[PDB]
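Listed next as structure tokens is one chain, alone, in the form deposited in one PDB entry.
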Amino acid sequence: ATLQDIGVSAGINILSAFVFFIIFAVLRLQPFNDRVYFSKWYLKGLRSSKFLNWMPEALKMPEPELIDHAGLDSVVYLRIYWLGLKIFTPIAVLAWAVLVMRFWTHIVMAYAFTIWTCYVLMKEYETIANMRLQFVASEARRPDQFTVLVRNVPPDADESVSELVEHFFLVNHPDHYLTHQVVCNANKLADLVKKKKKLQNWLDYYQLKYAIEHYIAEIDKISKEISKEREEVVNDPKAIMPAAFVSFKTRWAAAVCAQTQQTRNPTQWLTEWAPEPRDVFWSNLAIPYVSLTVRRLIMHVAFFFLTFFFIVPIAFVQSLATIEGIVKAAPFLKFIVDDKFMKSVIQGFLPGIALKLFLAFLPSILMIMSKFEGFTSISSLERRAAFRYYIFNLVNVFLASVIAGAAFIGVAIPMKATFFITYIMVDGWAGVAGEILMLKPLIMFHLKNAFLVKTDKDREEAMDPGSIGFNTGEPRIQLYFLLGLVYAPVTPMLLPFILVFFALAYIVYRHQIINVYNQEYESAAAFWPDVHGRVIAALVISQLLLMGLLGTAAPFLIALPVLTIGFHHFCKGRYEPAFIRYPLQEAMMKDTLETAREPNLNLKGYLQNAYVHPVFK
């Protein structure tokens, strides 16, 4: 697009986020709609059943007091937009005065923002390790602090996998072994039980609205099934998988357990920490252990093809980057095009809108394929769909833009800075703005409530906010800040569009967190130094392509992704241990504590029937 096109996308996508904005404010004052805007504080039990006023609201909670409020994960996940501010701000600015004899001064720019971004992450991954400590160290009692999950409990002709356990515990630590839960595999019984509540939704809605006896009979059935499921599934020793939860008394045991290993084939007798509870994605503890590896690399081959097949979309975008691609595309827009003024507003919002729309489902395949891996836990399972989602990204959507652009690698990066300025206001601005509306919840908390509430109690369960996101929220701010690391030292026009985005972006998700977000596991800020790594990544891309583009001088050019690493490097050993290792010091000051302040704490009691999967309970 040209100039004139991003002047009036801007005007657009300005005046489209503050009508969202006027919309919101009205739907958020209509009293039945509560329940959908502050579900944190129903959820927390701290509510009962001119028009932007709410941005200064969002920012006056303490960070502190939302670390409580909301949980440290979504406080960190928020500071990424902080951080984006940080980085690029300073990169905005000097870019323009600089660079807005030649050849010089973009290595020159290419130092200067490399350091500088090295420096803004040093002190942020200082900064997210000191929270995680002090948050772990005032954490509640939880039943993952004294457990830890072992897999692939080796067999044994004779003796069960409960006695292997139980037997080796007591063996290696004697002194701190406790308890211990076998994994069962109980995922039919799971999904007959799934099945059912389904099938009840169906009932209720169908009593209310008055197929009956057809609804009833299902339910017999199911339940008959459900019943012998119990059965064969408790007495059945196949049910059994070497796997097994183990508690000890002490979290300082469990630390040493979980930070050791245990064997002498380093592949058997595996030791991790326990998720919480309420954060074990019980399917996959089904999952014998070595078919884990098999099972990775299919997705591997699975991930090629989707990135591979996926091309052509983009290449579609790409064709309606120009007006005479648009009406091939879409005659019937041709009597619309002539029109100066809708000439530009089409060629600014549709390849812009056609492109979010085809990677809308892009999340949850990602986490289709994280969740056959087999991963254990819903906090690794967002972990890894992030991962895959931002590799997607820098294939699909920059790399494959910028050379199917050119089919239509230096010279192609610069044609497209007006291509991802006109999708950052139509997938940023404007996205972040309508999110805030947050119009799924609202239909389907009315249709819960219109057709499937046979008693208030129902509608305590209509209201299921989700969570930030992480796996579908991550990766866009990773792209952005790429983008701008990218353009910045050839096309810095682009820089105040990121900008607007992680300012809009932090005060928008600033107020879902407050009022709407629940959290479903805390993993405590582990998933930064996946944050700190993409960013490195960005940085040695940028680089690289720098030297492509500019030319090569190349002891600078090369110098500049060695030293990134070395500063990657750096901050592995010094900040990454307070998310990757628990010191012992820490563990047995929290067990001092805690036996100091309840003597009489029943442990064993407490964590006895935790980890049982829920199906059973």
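Positions refer to the first chain, counted from 1. Under this definition, the rigid core comprises the largest set of C-alpha atoms superposing within 1.5 Å between the forms. Compared with the form deposited in another entry:
- For the residues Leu333, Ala302, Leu170, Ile443, superposed on the rigid core between these two forms, a C-alpha shift of 2 angstroms or more shows up only at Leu333.
- Superposed on the core, the two forms differ at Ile323: its CA moves 2 Å or more between these two forms.
- For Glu159, a C-alpha deviation below 2 angstroms is recorded between these two forms after rigid-core alignment.
- A movement of the C-alpha atom of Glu126 falling short of 2 angstroms is seen between these two forms when the two forms are aligned on their rigid core.
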Given for the second form:
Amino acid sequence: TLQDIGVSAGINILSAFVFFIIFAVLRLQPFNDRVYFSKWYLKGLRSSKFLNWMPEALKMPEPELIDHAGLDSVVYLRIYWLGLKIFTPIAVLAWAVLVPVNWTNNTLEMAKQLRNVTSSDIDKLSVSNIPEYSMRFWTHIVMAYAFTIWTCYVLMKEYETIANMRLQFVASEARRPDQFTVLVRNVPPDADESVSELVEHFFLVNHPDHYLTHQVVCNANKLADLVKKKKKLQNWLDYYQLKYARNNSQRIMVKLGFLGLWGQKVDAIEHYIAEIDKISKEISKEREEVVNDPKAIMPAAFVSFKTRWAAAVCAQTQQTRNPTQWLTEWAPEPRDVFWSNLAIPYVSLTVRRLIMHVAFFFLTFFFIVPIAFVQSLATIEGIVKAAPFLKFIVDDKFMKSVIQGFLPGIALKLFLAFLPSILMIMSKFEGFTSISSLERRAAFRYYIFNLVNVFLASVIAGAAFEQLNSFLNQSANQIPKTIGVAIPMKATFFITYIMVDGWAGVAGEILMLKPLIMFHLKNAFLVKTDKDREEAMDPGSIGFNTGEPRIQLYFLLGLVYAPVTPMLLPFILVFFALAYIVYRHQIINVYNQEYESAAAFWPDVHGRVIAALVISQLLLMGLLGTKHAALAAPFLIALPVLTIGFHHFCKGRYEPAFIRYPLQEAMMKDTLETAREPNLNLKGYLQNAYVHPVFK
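Counterpart to the form deposited in one PDB entry, namely the form deposited in another entry:
Chain only, nothing else included.
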């Protein structure tokens, strides 16, 4: 009810203020400049009331921000702004029109008098309030068309602006050695010639006058694992030496701290010294073997040309008679390629794709179960017909509203908090050879997941657990009506879920608890010997993976509920306006960027918004049609066609700026480079990149 939303708003605003106060206090501390200003030491420009950080984070213009942080960060900020642009006028129009319309009714009370268990006043501002009638449903349909038109226009304008930004950025970039290089990965085996000889012959004969050099990928996964283990064991050793120096009384370091009660054979500094020497010997032996092994060379290569023109030509064109051989794609940066998945033969790729599709389905089901549970939480208020657990409900009227709002949101947030990592593991199990593609794949998976589970499963479970009494004894001809009327109650639930997750999670994100705590532990109980802890800044990326599917889900909710129940929108607007400021400040100060794709993900964002638009229209059509309307279905079937047509137009006219490289731009860039730097030696600058850093 409205009181539930009000108390949840009060508690979450208090939580946000507390978070901001804590953040200000921590930021003023001088021994924390190392953490809250990470992209000032990594960039190398620094060494060492309470809302004032908000207006000043808005001072740096985008022209300077693009050079400061990158392009992906600025395009992410533009997603947050796109939310405001789409939804503020839809919010204004939908409120000022539908709120007068849905309020003016009296017959629902008699309809709710029979056995309905709906709320009192929060559903009054929704479609379910009114019965079937001409003028009002006509206004709803007109509003649906207007909402789609405005959303599509804004998507078109923003998609043009992002295309211009990408094309202007790429053409004035640095000289990263990913512009001259493509990743040829299916090199067919041959008996009398090795991989390197085949790549040399093929790319010297069938692509001549422009081939400079090539590097073949090596399966050094074992060496990388050994190096990682040695590093971790050195961390343990250094921590234990610090422990010994702090308390030089006893060397008791028994390892009884793992499962199975194991950990005998007391494990002082000597054991790690011996283990470090052993692992170093094994590392040296393995490095020698892998350098001197033929089977360690996978069928793939990193071929580099003399001009970006030739590289674009080789990347955009099929290379041989067989479309599953000599596959060429734009090579990622050296600091981008996910080296661990370059050892996957190009059959296990599809095998793993199928396997992890199956895994995703099973995950979807096994998390439907907790969606059912969380909807059986405090939204269970209507179940009181049986009343076998009235004990906690009857304890108080106040906290019952407090539980009613807060607990479902926290339960769902905690339940899905560790899902982004599961999806990242799933994404990099099937192999993508670039952190950028891994992040985009995981974002797509998390979008599918939260769409299905969160939206559909939460709506279905909430209907089945609230209107349960209203169809327990009824017939099969009443189920559709219940499904039609159930949506606004899940609207009042999504109000609290958005409130908690969006507002509180964003405030917590700016507070930056995890990196701060990790830095202090790694600073106190770890090395603390010299100025060589600059590796302790690990602020991570913007986290496209964890952050973009969330805003896509918020787009989906805001579009679905804008005509159906235009009270969801103001909370969405507040979330966008707050997340934009917070994430802009974090882009400016914290948050290094691991990879630079130059806004290559915006096709995915636009496609997801279009899909959310189509879903919104289809549910509106189903709702109105189930609501005993006649002309609703003929009208709301044109919109899922006009939207697909407009998306196809945008695809055809603006997506090429994102998915393929114009040759004229390549030649212009090459000409400018050659004119400015005449004595540049490409081969020297270019041969030693792509060498799988463990080989150094």
